[PDB]
Amino acid sequence: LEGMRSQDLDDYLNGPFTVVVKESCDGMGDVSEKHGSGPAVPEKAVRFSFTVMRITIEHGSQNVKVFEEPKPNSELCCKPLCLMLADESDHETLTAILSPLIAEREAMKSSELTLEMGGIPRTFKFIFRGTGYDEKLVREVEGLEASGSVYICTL
Amino acid sequence: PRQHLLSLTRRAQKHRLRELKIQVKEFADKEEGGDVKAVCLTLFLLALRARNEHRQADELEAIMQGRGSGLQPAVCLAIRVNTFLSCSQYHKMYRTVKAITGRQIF
Amino acid sequence: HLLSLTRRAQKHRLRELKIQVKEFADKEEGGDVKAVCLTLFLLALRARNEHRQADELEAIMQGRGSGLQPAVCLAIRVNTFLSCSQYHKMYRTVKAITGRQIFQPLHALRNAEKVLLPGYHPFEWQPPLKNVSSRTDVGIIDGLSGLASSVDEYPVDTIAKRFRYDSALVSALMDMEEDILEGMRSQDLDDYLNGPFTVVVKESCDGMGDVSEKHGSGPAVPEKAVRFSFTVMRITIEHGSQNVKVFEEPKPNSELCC
Amino acid sequence: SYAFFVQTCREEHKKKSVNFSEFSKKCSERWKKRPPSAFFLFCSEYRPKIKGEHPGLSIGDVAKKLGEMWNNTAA
Amino acid sequence: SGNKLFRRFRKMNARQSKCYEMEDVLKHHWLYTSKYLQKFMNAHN
Amino acid sequence: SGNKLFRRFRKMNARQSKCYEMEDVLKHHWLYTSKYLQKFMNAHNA
DNA sequence: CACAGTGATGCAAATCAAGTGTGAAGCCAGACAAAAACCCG
DNA sequence: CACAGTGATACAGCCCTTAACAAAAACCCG
Ligand SMILES: [Ca+2]
Ligand SMILES: [Ca+2]
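Just so you know, the protein sequences line up as chains A, B, C, D, E and F, in that order. The first sequence begins at 575 in full-length UniProt numbering and counts up one residue at a time. The second sequence begins at 392 in full-length UniProt numbering and counts up one residue at a time. The third sequence begins at 395 in full-length UniProt numbering and counts up one residue at a time. Just so you know, the fourth sequence maps onto residues 15 to 30, 35 to 50, 96 to 138 in full-length UniProt numbering. The fifth sequence begins at 963 in full-length UniProt numbering and counts up one residue at a time. The sixth sequence begins at 963 in full-length UniProt numbering and counts up one residue at a time.
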């Protein structure tokens, strides 16, 4: 709302808001296991998170950005989504855990969201972009070979 | 043997003011809608302004509104989260402040 | 609705009821509208389960500032594992929202710290300590103790900081004044006796491991740390022909007394 | 305009002004800590000198005089 | 940075049990990352 | 038990400098073991 | 072009204190304007 | 018989509302 006010727009506008987010996922080591009952949990961890980047309304003919993260690489804006104590190399478990999220993402990629802000139904659309991945995970997920292969580039 | 109005407990002061309690209730529920606390603080602010005071008026406005001398739950939640306070730690601090000061700040 | 009007219009509706209230205040009290209205409002507050706001009201009725001593803020800051930065953030937030000071600022805490640290209280050993200075205001003495650090002598690759032993014992004994006083008071002993107390202290030392090193200038220090500590375990007094127990640590293996 | 005629009538029946109670029904037939130091004692003792010797001015001049007197003398 | 915050929360801001540590850490991190609470800390303007 | 406190104080309650951390950690761990300060936190039990 | 810390230090800015006379913003007795939001006309 | 935590859950405790009585602490009169 403050971004809408600062760009010389009207607050009662309910146009289609264009949102773009940033996805990330990394594995972690040296996550010690605890005593007690439960399954044989490995000593590793894999995290998955998302982060909005900017919001832009189409006003008149061209576009105008309403909000954008000033500190894109800050820890105060990395919203966690999924947390599991598994191995980033275990392809079976990794896919079994991440397939529902990917299904939800694919289903959302072609829909609009009616949402109330200040008492006015607003329309939202999303553009998902995943860049917070190291080359190892990219090679493991995109169906490529390891880093020591002869094909060296992922572009 | 009348000593004073504040030299009695809540129960005894209620016994002593029951008359005007019932009267204000039965005369503010007829036409004024029926909100007791509203009429109460309005009459108090009028009797205070009568003394043309601003300090006390602003104090009771802040108290009744929830802006001064006492934090909102969202505020203390933000303080507890953004300072990495554990729930046990925060409870210890809350207990200590309430015991020493005697006024619930959190 | 009601009571949501501005001036010269909210009285326009409750004028009759205020007249009745002042009539009763003239009948019984004689004109004490202030006390009767305040008490009626307090009861109206307590009727709706609002003990907090009513207690705040009856506290501000006196007109005194609810403040905290710097020692209390220091104890809260230490015993709750708070860095100076987080404490400053909380202080700033509270002072800016409430519009008043409930905690003490950082300089007050830092100033109050000097009372507890060793080298603040006077004392003297009746037999003067051999090879030990008599000055009683030293703080954190260097650990190397004036060791040669030139290029000709044995190489030095360590750093250390430590207090003076006697000053540390004096500070530890002064930190437990109320405990010893209450113990003497609980043993049918007068609290003004100056008998030759007997203090028993436990000593401990152990080297740690996996101690990471920092970048920057200075000497090349190893990745191991050794610490040395003490603990006052028991204090007794010789009254008559016995040894009355005036103090004893209830939790010796705790970290709060090492 | 509601006050001009009232002010004229007030001048009228006042030229023949503290009684507003008995005037209510008149318009009906018309419109129809910190321990001080040596300097604070110096002030509290030597300000009445200039406050009583020259009361024609406010104590701003007394403060100015006491200040130029303290700056010229020792402590 | 979130990995660092996770290491901190799993150790000092969660129940020490396999059955509930992850929910606690996730909820605490979600609360920490929120902006509605961070505005109350910028009470200097 | 105090080794734990040492580690935590060095990681979170000291200057991150090679020639300043020792005295800071020492002073903080000394202050943390003061019964005078600990009595304040237990005043509620009175 | 990571960033929110981590503590001390050092300097700049706000304030308080005592001194005291005036100056000024309220409230208040009714009151009969001046909109002004309900009803529908 | 190490010990200070560590967050959600449950229950006891202690406050608050209709009840007319009824027992404890004190002057006017005798
Ligand atoms: Ca990794
Ligand atoms: Ca060891």
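Simulated from the structure, these hints should not be mistaken for laboratory data. Each residue gets a CB set at the ideal place from its N, CA and C atoms; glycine is no exception. Do not take every clue at face value.
In silico DSSO-like pairs for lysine-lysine, Cα to Cα no more than 30 Å straight-line [to be verified]:
1. C:483 with B:416
2. C:555 with B:421
3. C:405 with B:412
4. C:405 with C:508
5. C:489 with F:966
6. F:980 with C:555
7. D:114 with D:127
8. C:618 with C:639
9. A:683 with A:710
10. E:989 with A:683
11. E:980 with F:1001
12. A:596 with E:966
13. E:997 with C:483
14. C:483 with F:1001
15. D:96 with D:28
16. A:710 with A:608
Taking beta-carbon pairs under 7 Å as the criterion, some of the chain E residues facing chain A (in silico) [claimed, not checked]:
17. 984
18. 991
19. 993
20. 999
21. 1004
22. 1006
Legend entry - Numbers of unmet hints, in rising order: Of the numbered hints given earlier, those the structure breaks are 1, 2, 4, 5, 8, 11, 15, 19, 20, 21 and 22, listed in rising order.
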